[PDB]
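Enquirer: Here's the letter readout for the chains.
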Amino acid sequence: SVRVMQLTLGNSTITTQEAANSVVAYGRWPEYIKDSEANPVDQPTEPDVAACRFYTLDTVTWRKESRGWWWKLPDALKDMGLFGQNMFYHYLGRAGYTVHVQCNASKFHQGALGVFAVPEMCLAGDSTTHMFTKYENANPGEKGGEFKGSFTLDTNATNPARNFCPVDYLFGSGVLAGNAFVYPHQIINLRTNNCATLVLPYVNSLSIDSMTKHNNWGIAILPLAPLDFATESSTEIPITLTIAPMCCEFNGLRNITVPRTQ
Amino acid sequence: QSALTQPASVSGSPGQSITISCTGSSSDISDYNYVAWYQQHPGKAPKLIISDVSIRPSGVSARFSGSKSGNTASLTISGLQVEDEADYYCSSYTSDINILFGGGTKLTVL
Amino acid sequence: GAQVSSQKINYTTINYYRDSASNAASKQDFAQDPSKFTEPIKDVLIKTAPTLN
Amino acid sequence: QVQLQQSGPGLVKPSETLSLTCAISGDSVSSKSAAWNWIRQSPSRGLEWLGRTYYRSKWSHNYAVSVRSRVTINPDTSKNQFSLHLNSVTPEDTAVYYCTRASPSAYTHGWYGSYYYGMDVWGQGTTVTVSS
Amino acid sequence: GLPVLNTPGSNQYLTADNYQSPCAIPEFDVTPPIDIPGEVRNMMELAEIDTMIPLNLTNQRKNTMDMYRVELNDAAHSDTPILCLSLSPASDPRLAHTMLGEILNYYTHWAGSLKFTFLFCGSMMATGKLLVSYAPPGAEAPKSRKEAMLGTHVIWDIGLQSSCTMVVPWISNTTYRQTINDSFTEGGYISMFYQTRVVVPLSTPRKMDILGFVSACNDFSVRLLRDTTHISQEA
Amino acid sequence: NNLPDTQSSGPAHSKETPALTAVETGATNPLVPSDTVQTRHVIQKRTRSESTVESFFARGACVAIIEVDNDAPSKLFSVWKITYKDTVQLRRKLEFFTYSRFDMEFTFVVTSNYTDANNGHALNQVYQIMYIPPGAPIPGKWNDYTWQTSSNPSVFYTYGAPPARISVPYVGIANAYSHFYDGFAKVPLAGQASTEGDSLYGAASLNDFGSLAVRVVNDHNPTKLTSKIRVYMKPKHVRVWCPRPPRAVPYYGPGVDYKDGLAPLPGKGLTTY
Ligand SMILES: CCCCCCCCCCCCCCCC(=O)O
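Protein chains in written order, with the deposited numbering: chain 2, 10 to 271; chain L, 1 to 9, 11 to 31, 35 to 57, 65 to 72, 74 to 80, 83 to 109, 113 to 127; chain 4, 2 to 9, 25 to 69; chain H, 1 to 132; chain 3, 1 to 235; chain 1, 25 to 97, 102 to 301.
FYI, nobody ran anything at the bench for these hints, they're computed from the structure. For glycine and all other residues, C-beta sits at the position ideal for the given N, C-alpha and C. Please note that the accuracy of each hint is not assured.
Stated by the list, open to error - Under the rule of at most 30 Å between Cα atoms (straight-line distance), these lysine-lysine pairs were calculated in the DSSO-like manner:
{"hint": "1", "chain 1": "1", "residue 1": "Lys264", "chain 2": "2", "residue 2": "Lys87"}
{"hint": "2", "chain 1": "1", "residue 1": "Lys252", "chain 2": "4", "residue 2": "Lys52"}
{"hint": "3", "chain 1": "3", "residue 1": "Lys207", "chain 2": "2", "residue 2": "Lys157"}
{"hint": "4", "chain 1": "1", "residue 1": "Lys214", "chain 2": "2", "residue 2": "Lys143"}
{"hint": "5", "chain 1": "1", "residue 1": "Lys69", "chain 2": "2", "residue 2": "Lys157"}
{"hint": "6", "chain 1": "H", "residue 1": "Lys32", "chain 2": "1", "residue 2": "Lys121"}
{"hint": "7", "chain 1": "H", "residue 1": "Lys79", "chain 2": "1", "residue 2": "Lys252"}
{"hint": "8", "chain 1": "1", "residue 1": "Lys262", "chain 2": "L", "residue 2": "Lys51"}
{"hint": "9", "chain 1": "1", "residue 1": "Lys109", "chain 2": "4", "residue 2": "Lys9"}
What the hints assert, rightly or not - Covered stretches of chain 1, as calculated for chain 2 (at least 3 residues, CB under 8 Å):
{"hint": "10", "region": "37-48"}
{"hint": "11", "region": "267-276"}
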């Protein structure tokens with residue numbers, strides 16, 4: 010029944026036997042651009058399976074007092090082979106995404122996690138000056154970041170960090186976390202299931218945009234019920250994440266770009 | 001701290018045209037046109053010349077004028095004369114309720 | 002070129033300015049559908065086409 | 001037309017308290033369309049801003065972040081004067097000081113009101129010295 | 001046939017009128033639209049969604065992530081209540097801050113049915129039964145299983161499926177309600193009680209957590225608009 | 025627009041249980057009263073007309089307050109930057125959604141008052157308003173040559189007459205308005221220390237919609253007068269495509285920053301009705 014599924018591409022292979030049903034955002038399936046809604050005029054390119062394959066990200070540890078994690082797209086995939094190479098040569102780009110979270114545990118464990126997907130996911134700063142955050146810290150790459158349990162202002166006016174300071178129960182933007190279930194979501198309970206799956210189309214006010222400047226989709230993870238186990242000493246379990254885009258195309262080829270980093 | 005930048009010094014001859022620029026970080030100039041200019045003379049208190057980029068108060072000659083937005087504000091002078099020699103400073107007002118001044122420009126003749 | 006409609025006994029309406037933004041409002045729509053969870057329609061057999069262009 | 005005047009001690013010793021008062025002639029301190037600022041100039045550092053105060057249906061204050069806790073400015077309605085107070089005096093305080101006026105720019109709003117870019121009237125400049 | 005003669009009450013400005021007006025940019029060019037997901041056309045499409053509830057609300061948990069959770073234990077049986085709520089979405093602090101209450105604060109009248117859901121976050125080996133009750137007004141507030149079991153109630157069994165739902169019917173003496181905590185339009189009470197003690201074997205944590213959700217139904221309606229009090233006008 | 029009616033149902037006995045489900049799929053069970061309790065035949069007549077977005081936005085609200093004077097020589105003219113972010117009443121409602129599309133309407137109100145009638149009395153007044161698209165020159169004086177308005181639309185209002193009213197179409201350069209933008213206008217490249225590529229987070233286009241200018245036409249009276257102007261706004265023909273949860277803390281700047289008001293929920297017992 011719905012308890013079993015298969016998804017695997019590109020010379021890898023994994024075992025899965027307890028997935029719940031799938032999710033589609035607003036019931037729309039990704040598609041290419043139609044001739045009646047274009048805006049450029051040059052002939053695009055379509056790598057096809059050269060970029061549409063699963064990629065594996067870094068692993069993290071879940072602890073008792075952990076707060077949460079957050080990532081940005083398509084920033085995280087800038088360094089994955091041909092997709093990253095094309096993302097820098099062409100001026101414009103367009104693509105959807107697919108997500109899959111992996112987590113397993115025993116029967117005597119208990120806990121719960123939430124998955125949320127947010128378009129145009131803005132975040133608050135940490136200083137009096139308005140909108141003073143810097144580029145290099147808002148695009149850290151694959152590692153992502155984590156939420157904080159309290160708000161604190163900086164004092165090093167001479168060498169400000171110019172970084173974020175999200176709060177978990179404010180969702181990082183001054184709104185209640187419980188009301189976030191209006192977004193597409195899935196819930197993982199260690200007693201019933203062991204993975205999650207989602208489908209994400211391209212959402213924006215334009216048919217295509219610059220990938221280096223604007224991020225369409227954001228992802229956040231928040232524990233709802235703390236992890237517990239009869240072991241009185243300590244306990245940790247891993248989390249791994251996978252992503253795969255679909256329907257890629259680009260326009261505006263020129264010399265290569267090389268962004269500044271610190 | 002972001003601080004405004006000015007050229008060290011400039012000089013010329015009467016009847017020519019002169020240009021000066023003040024530039025700094027984005028947080029100081031890139035927000036709006038909150039820019040003003042001041043002038044000083046040896047032993048004299050500073051005097052206002054231009055406010056709000065291009066608005067000339069009463070008693071200011074049409075020779076002194078300059079304007080731009084973004085990361086730099088330019089001041090341009092026409093019909094240069096000896097008495098035009100002076101010290102020049104750029105200023106700005108930020109959203113953090115603070116006022117900043119540049120490093121200054123030094124032009125003096127004995 | 003008048004148009005008539007019920008107040009819920026009819027009423028009358030006239031447009032004077034030949035620009036859409038200058039026109040008044042209307043209340044003519046009630047469509048609604050909240051189902052936004054899942055859809056099965058995906059597959060169509062293209063390569064089995066008996067016709068070519 | 002409207003003209004300012006400066007007064008107060010010109011010499012200071014380390015660890016003392018320094019206070020200055022500036023006088024307004026031809027205008028009212030309670031003016032609802034004006035503001036008053038304090039500035040100091042030194043060759044080693046150039047121009048820099050300290051603080052200001054104004055009255056809009058109530059008294060209010062604004063101070064620079066770097067010296068916020070060390071500075072205090074108070075008005076005087078009877079004298080049509082406003083006074084400065086500075087503590088923890090040190091040798092670096094040796095510099096010129098002015099009292100000035102600000103006029104309103106024209107873009108309005110933000111926090112309801114208007115913006116005061118800079119200044120138009122300047123005092124003669126009163127010197128303060130720290131020695132011993 | 002009316003050059004200079006009298007006219008009735010006119011020349012006033014009313015903020016809810018509807019008239020034609022001239023256009024200041026004639027012969028303008030308009031960008032065409034496109035299709036985008038999520039086109040919304042009625043607000044009730046938002047009330048039919050589940051949402052979390054801050055039940056705990058104690059001084060040591062309010063304004064913290066811990067206030068969304070409740071604790072259960074495997075002690076012996078007792079008839080004491082676990083928690084209580086009053087049906088007053090627009091005035092009760094535990095509901096006024098949800099999406100449903102936030103929308104209702106902009107309206108003055110409402111009517112319809114409501115749904116409540118609960119979720120169990122314990123381990124697989126845990127077992128037990130629970131009871132939920134709803135009692136219309138007009139008498140002493142129930143505080144024991146015997147008094148609650150007379151009114152509407154449902155029996156919930158924990159198993160392979162951990163979620164259950166309870167429905168609040170529309171019973172009222174008026175066609176609408178006031179939303180401002182009035183005695184003449186009270187909505188009733190809600191409660192939960194133990195049915196049997198919880199069973200746990202060895203080598204297992206002895207504490208469990210439970211969560212709740214609230215949602216509207218398909219017959220809900222609202223019929224008058226107003227302003228909110230969460231932030232105010234000034235003179 | 026009708027609503028569904030309620031049909032009768034009797035008792036039941038089976039293990040067909042629609043009251044059990046799983047929320048992990050992110051779906052809601054569409055339950056109804058008749059599936060769990062006995063019901064009588066009833067016919068509904070209520071409707072959802074007052075819930076549409078068009079009726080939700082069919083109200084005018086204040087946006088800005090402006091001040092100006094009239095004197096011989102204290103400011104004789106003023107400018108305001110067009111934006112809906114300066115007030116919270118309409119901003120909170122608009123932030124319910126991500127993207128929007130609508131036409132817009134305008135209205136103006138004028139007021140005036142004396143400072144002192146000791147010097148004399150003055151005649152009626154006339155006020156001027158002009159619209160400045162982006163890139164146009166800015167007036168430098170109350171009597172500048174720029175007030176000729178050979179191409180820029182302008183409006184004249186007489187004191188004591190009823191308020192003016194204006195309508196405009198959608199003027200976006202994209203396919204819709206955007207209330208959020210998670211990105212930057214510039215990209216910093218190598219070989220650039222501080223001054224290049226530095227831009228603010230969430231920045232919009234180079235220039236959004238320009239500004240407005242105001243002045244009085246009548247020559248100076250021998251005494252000073254004061255006047256104010258207020259603006260009201262009214263959308264129509266609205267559309268939206270994505271929802272969001274509402275704000276819950278005081279606003280601070282155009283962005284989502286916050287530094288105060290972080291304790292809106294009071295205390296209460298767990299077993300109190
Ligand atoms: C180069 C940057 C491109 C940015 C995309 C263009 C859309 C943003 C510019 C207009 C600013 C929008 C201001 C709010 C709109 C409104 O609600 O009136």
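Enquirer: All hints, please: hold or fail.
Expert: Verification of the hints:
This hinted pair does not check out: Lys264 (chain 1) and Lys87 (chain 2) have alpha carbons roughly 42 Å apart, beyond 30 Å. Restraint check: the Cα-Cα separation between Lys252 (chain 1) and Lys52 (chain 4) comes to about 64 Å, which exceeds 30 Å; the hinted pair is violated. Between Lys207 (chain 3) and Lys157 (chain 2), the direct Cα distance comes to roughly 26 Å. Compliance with the 30 Å bound is thereby established for this hinted pair. Pair hint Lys214 (chain 1) plus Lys143 (chain 2) holds up; C-alpha atoms about 11 Å apart against a cutoff of 30 Å.
For the proposed pair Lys69 (chain 1) and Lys157 (chain 2), the alpha carbon gap of about 51 Å is over 30 Å, so the pair is violated. Between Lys32 (chain H) and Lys121 (chain 1), the direct Cα distance comes to roughly 35 Å. Violation of the 30 Å bound is thereby established for this hinted pair. Distance restraint check for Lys79 (chain H) and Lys252 (chain 1): the Cα-Cα separation of roughly 27 Å lies within the 30 Å cut-off, and the hinted pair is therefore satisfied. Distance hint between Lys262 (chain 1) and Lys51 (chain L) is unfulfilled; the C-alpha atoms sit about 47 Å from each other, more than 30 Å.
Distance hint between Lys109 (chain 1) and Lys9 (chain 4) is unfulfilled; the C-alpha atoms sit about 42 Å from each other, more than 30 Å. Residues of the region 37-48 of chain 1 with a Cβ under 8 Å from some Cβ of chain 2 number 3, which satisfies the need for three, so the listed coverage holds. Only residues whose beta carbon comes within less than 8 Å of a beta carbon in chain 2 count, and the region 267-276 of chain 1 has 7; three or more means the coverage holds.
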